[PDB]
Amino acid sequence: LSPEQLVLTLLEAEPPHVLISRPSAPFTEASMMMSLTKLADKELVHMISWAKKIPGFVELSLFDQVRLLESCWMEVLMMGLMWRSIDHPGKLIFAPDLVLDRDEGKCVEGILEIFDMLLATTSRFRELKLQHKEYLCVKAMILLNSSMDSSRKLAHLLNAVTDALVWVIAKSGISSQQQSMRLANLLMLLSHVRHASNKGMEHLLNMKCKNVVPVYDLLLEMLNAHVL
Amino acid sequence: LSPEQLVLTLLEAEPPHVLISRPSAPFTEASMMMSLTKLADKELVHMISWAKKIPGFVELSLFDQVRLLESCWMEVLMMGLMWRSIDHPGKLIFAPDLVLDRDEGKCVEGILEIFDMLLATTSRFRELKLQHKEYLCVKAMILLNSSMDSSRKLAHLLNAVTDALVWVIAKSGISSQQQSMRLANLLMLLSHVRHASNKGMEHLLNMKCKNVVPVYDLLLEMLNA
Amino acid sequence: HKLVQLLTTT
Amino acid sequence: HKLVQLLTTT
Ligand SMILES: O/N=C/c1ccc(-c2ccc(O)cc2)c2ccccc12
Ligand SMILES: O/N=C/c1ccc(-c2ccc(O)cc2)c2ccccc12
């Protein structure tokens, strides 16, 4: 399978556009947070279907499949959020009916810090002019590189997605030096996505413990498993 | 500054190894924690000096320098640890006279998990056959990428080191396609290094709250951030 | 088992 | 603060 057709499969694995079905309304501490958790739970369901569409993922042992998704889910959610917000500076496009900014993050202690991190990393991807195909590969790599008979197969798959990202970049027609430079800049931003997701999980766990937000069955399981 | 000059500058800047002796009696949770923390504290002093040698670092605002170091210190420390352990498989070479085995992590509840991660990641660098000069660039990239117009300058500094890593890889002679793949493979390990540092950091903060060990001076300050 | 149910059904 | 001392005073 060529890098081009592997990227086509990632395009085909892409989850649908998700809405929370919320009537436009000023956000408050309670509605904002219930909206974020309600959205994450819905996106998690589609994330599972997405991963199974990545060629070879279902051939991994069940234990590896579960382990990869339990560790990278918040990062994959945030990477998706950044792509969606790339053409909307100053905004975080969680969904069509859930567009949030900074002064709205102020309404909940500890959220503003996370919104600022998300906004800054998004701005970085915007400056690099992240392309859709690059986003597809990076997102898949976050899943496959979140590892912390089947193991061998995982390495083959990660190498395949890496080969595809390299192909996407070579296709842009820029100089070889510029291609390596771009490859490095994109990969390095992953640490920033990882950082934001780690703070995102820390905040959610505290909200679960305080029962401030209803924690949706799958979201809760994914949260507890990851934390554990 | 050319890529080679930057690599040579990092080579010279490499901190000298800190010497620490292994306790006389067998390790106890306390003697092991005292050994790791005493070492870290000493390595942190040399890390600051190392940072000031990275071309352009001292030109950043003081508040940026402090912010970068506060964010990446454990990751930088573990990257060094793994490099020192590269040629002694199954072992972690904290210092010449402090060679800890995966199993000796048993005495400290929660440590074994960290030792396992570090060893596994070390194995991966061994598999990729990480070279000294690639290691020098990567460790400096860890510091400059911890962005967790002085920011223009930071981006420019990181690009310079990235540039040198590409140069080092091109110097290995492999095909252009393979050069791109090796660069990717090397940077993709930064998540793993960062994971271990987050766990070591959480472990350390908690060992502090339980006063299972004294955490002050340079180490403490760096811990709070 | 919620993650596992979804990983084994379509 | 120790960190600032080593960065600027040392
Ligand atoms: O306690 N706060 C928890 C919490 C839960 C979920 C998200 C999130 C939702 C959808 C998405 O696509 C990415 C991230 C959050 C995003 C930012 C701060 C806190 C979040
Ligand atoms: O509570 N856990 C504390 C703790 C503190 C420091 C280190 C460390 C020392 C020297 C070095 O070069 C890298 C990392 C640790 C390494 C592994 C587990 C726990 C550590």
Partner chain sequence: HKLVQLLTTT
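Under this definition, the rigid core comprises the largest set of C-alpha atoms superposing within 1.5 Å between the forms. Positions refer to the first chain, counted from 1. What changes on going to the form solved without its partner chain:
Relative to the superposed rigid core, the position of the CA of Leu10 differs between these two forms by less than 2 Å.
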Second form
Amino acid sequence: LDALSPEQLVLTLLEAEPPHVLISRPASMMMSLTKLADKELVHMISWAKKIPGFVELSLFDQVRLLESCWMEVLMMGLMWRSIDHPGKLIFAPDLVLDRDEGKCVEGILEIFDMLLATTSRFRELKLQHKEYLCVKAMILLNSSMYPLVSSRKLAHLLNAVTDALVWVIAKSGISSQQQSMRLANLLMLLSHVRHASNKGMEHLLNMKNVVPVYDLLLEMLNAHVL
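Please supply the coordinates for the form solved without its partner chain, as a counterpart to the form deposited with its partner chain bound shown previously.
Only one chain is given; partner chains and other molecules are left out.
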């Protein structure tokens, strides 16, 4: 119970953060992104396994969640590292792209503008490092409805992370009306993260020399299962 306590939880999520990912480049932009995602997914699995209680859900829910949330989590990570640089998307240490470069590949410019607009909203709200840690965890736990309708366990976990975020916002010292307003503003942004995620998935599956992230993810998920 205590390992899920507001303060410990945030610190545990902190240490659980993924390492920097170097794409290491010897169609192409899409080849870079795809090779980057594949690499991040490996670390995303490790990250999820570090969230207190995640490993104690049925493997079925673990897989359900990971398969449903990956694109949202990657994008949430992207928005957070791009947060202080308007007009830019810091995908990785050797892959910084600005809005315009999104004109090369068709359909990508639209997605970039969604990510840049959602990122601008997090900057305006002045998203805190620990609010970000809670939100990203919530994105994983709230990615799939089915595993909730072990279900008892997922609901408990989702509430723990929410309590943690409510706690984080509380020590912000702001009024009670503002605390509710901030919680609501943060959670309403999840809809936009989900939205950019669906567009990214759609664009990815409408694609035809790049890396097969989804299938590689399923391989990782099976290994996670074995």
